Each structure stands twice: as C-alpha cells, then as structure tokens.
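Heads up: the structure comes next, in structure tokens.
Apart from one protein chain that is not included, each protein chain of the complex appears where it belongs.
Read from first to last, the chains carry the letters A and B; within each, the first residue is number 1.
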Amino acid sequence: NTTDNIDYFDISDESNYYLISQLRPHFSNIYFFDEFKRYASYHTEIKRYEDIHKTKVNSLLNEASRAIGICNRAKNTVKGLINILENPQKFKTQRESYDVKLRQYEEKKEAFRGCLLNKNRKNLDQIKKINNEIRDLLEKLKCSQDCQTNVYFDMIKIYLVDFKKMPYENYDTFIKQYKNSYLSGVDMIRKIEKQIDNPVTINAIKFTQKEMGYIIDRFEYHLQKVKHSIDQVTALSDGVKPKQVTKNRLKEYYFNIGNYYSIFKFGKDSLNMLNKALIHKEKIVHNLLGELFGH
Amino acid sequence: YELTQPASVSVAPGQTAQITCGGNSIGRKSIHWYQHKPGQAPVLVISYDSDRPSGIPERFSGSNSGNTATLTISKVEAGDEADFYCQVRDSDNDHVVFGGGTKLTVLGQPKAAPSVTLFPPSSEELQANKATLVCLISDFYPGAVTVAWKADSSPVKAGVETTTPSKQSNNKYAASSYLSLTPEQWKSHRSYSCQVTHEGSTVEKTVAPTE
Partner (left out) sequence: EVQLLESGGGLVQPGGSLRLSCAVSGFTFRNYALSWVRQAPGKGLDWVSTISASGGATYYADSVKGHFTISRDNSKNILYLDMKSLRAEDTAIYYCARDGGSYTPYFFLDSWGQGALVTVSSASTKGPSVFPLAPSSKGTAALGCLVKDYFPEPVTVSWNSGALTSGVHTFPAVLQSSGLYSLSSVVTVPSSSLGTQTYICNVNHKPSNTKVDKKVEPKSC
C-alpha cells in the first residue's frame, strides 16, 4: 500500500506543557475552555465568559488551524520522502542513496515538527492569557470561605459516565498484541536481512518499523494519559467530599477536573487516529513482505 | 529464558578469541554482545547476531546458529581485556536477559605463583578477648585464587572473610583472607593453616596456637 496520511506527527514546546496536534482543536487546552463554559453556566455570578468563549477562544481555535495550515508546504515534502523510502518502485527511480534519503527524512521530519511549534508559539502565549482571565473570573465570586462544591462534584458524576463510553479495555489489549507482532517483525527482518540479496525491499520494511515505533509510542502516551484522567477523577469521587471550601481551593478543583477531562477527550481523538495509522502501516509491512521474493 | 556463558576465557595476544553464549533454540533470537571494562561504561560491540556499530573494528565478529552464538575477536590485544556479556530479549514476559558473563584474560606475562604470609593473633588482641588470623596473598598471575582454612586438618568455613583479587601496579594481583576466632577456639588446637590454591597449585602456611 501507500502512506496516504501522516497526521500522527506532533510536537511539544521546550517546557513540555503544550502538545501540538494536527487534528482539531490542536490543543487539549481548547477542550478545557469548552468545559469551563459549562462550569460558568451553573454559576449565576459569572456571565462575562460567554463572550470570551465566543471571541477569544474562537480566535485561538482559528489561529491554531491557520498556524498548522502554514506548515502544509513542509508537510508534503516530509510525506513525499515517506512514500519513497517505503515503496521500492519509487525508490528505484531516484538516483540518491538510501542512507542519504533516510537522513533527509530525519531532517525534514523535524522541520515539519519544528514548523508546527514555531508557527503556534504566538498561540501558546494566547492560551496563558485565557487561563489568567478564568482565574480572574473565579476571583469575582461572592463566596470566600463558603464556596460550594456541588457543581464540582456533580461534574465528576457526569465525567464518569462519559468515561464509560471509551474502549480503554480494547486499546490496551490491542497495543500489547500489536507490539508483540512488532518486535517479532523487527527480529524477523534482521535475521532475513543476512540471508537475502534484496536491499531495497528489506530497507523499506526497516523504515516502516521506524515509523511504526514512533506511532506506538504516541499511542502509548495518549493511552496512558486517558487512563490517568479516568483513574484520578475516579479517585476524586472516592475521596473527601468537602461541603464548603475556600475560593482558592475551588479554583484548583475546577482546574483539576477541567484539565483531567480535556486530556481525556484529547487522547480519545488521537487514539482513534493513531489506531488507524498502526493498522495501515502493518498492512504496508506485509505487502512489502509478500514482495520479498519478486515483483 | 536463560543464557549460559563460560565464566573465563584465556587468549594469547595475537590469537583469535571465541566467546560462546548458549541457550535453547538460540538461532531464532537476536543477540547483542557487550564489552565491559571495570570502572568504565559498557559498550555495544555486536548487535543483532552479526552487525557492528560504527567505531568497532573488523576484528570483532558475530555468528548465531542452532543452540549457541559465538563472539569472535580476530587479532586480540591487551586492550581488549574485559568481561563480555551476551544479551537477548525475552519476548514472553518482555524484559532484557543477560548471560552469566565471560572474563576475557589476555596473557601478557608469564604465570606467577602466589606468596602466602600467615600471621597469628597478636598478644594485644588475645588480651582484648579477640583473635584474628591474617592470610596475605601477593604477586600472582592470573588473578584467580581459592582460599581454604583448616583447623588441625579440619576444614573451616565459619569466620572466613576473603577479599577479591586486586591488580597491583605491576599488573599482578593481591588478595587477603581473615579468619575470626574466639580466644577459646584459637587456644584449643594444635595448628591453623591457610591454604591458597592458584592455577591448580596449592601453597600452605601454618601457625601454632602455642606461645
């Protein structure tokens, strides 16, 4: 087959706080903003946020899709090298070596990942400014030492039902069996490498395994991030149940479940995309394995 | 999974070294070899049966078929003296398994017999309700000695604190062995003897409880 889509690449900033994604909304923080509009509706003391989510959040959403779109020219050059290294027919037409072509892939791949971060650096400062507005909006609450946690605990019940609509049990079994076939495919092609005079086809399988290795790690990251949100929120429903907290403790409560649930939905969108990529690249390996003898 | 490695291999400088690593159906697994110099960082010499990373000379070679894999060093030098380890991954429980280790000793000097010096307990230690026998081993090569203690021709295993051979400045090794005895055990015998065995040769010293 052929790698028709390369939406599995991503990039994080130097602080590793913000994770860029090619899929919308490109930020797990935007899902947190979508969830705070739900928090502000239950509070009759916060009414200015409806206009913030309608302008400041939509501007950050569109600027994110725009900043990702600028790297489309760089994305196609990286994708083009992926299709050359994995297809022996396309590689046999070009004149450069495989070591040179593989090093170009590693250089261009980081150029695309570096583009997504650098073009979104202005948006990274925009996310921080919206968080300070939310923290300032919570300060305007009338409660000081008597802030009710009913809205905070009612949201935990809503989240746990939404967590059940997640095939976490199916993803863990899938990734554990996919790796067993992966390392078996690794050890297999190296044993075969020394017994077959077919350098291009073997190298194409090696390169796909390098691509698969990157996607398996991105799959395990989001899969472990979905689990942490499910387990930590569950721990909140089985912990203390304070009737009234301080306004400072209330801000931390909304930012806790708000950040937990946003990472959950952000990982669910990525795990779906990363699942199709793992299946697709596994098909490309077997199509290359069947092409080992001839054609 | 269990990998079996010969504990020691001797090579003369210029010859070819062959370190073996064994296991059941080894020919179906990927094996990587590591060189480890004491005090230094281990080095991946051969990985995936036969491949060598950059910076590794062609003297190092790797094979794998059937039940054993062999690491081969063509023109061994004194600088290749280190203990080597084979490594395979156990796909069942998913973790790394190493071999027992193989000390590679390059014979750069003739064999040297050890020098045993046995000491009785000092009269000051006996006055302090204690007693210790000191068996000092020096100037032997290669560094592999086995110490056994006798109490009037009777084997002793309690109170023995033997140390590891240490390379001296002349590339020769030294060792020590201390026997801790209560003053009653020391006096209630006719002779204590330290027995040092090196390369199949045993050197015996003896001390009498009298005086």
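The definition used in the following text is that a residue touches a chain if its C-beta (ideal position, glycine included) is under 8 Å from a C-beta of that chain, and two chains touch if they have at least 3 such contacts.
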Taking the entire complex into account, which one of B:20, B:68, B:132 or B:185 touches the absent chain?
B:132
Would you mind spotting which of A:210, A:276, A:283 or A:286 touches the chain that isn't drawn?
A:210
Residue in contact with the excluded chain [from A:79, A:218 or A:265]
A:218
Going by the contact rule already stated, which one of A:9, A:163 or A:182 would touch the omitted chain in the full complex?
A:182
Determine which one of B:12, B:44, B:78 or B:113 touches the chain that has been left out.
B:44
Chain A, residues in touch with the chain not shown (by the definition above):
12, 14-17, 179, 182-183, 186, 209-210, 213-214, 216-224
Across the whole complex, the chain not displayed is touched by chain B residues 30, 32, 34, 36, 39-44, 47-48, 83, 85, 87, 89, 93-101, 117, 119-120, 122-125, 128, 132, 134, 136, 138, 161-164, 166, 174, 176, 178, 211
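Here is the rule we go by: only the chains that are shown with their structure count from here on.
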Computed distance of Cα centres, chain B from chain A, in Å
52
Where on chain A is chain B touching in the complex?
180, 183-184, 186-187, 190-191, 194
Of chain B, residues touching chain A in the complex:
28-30, 48-51, 89, 91
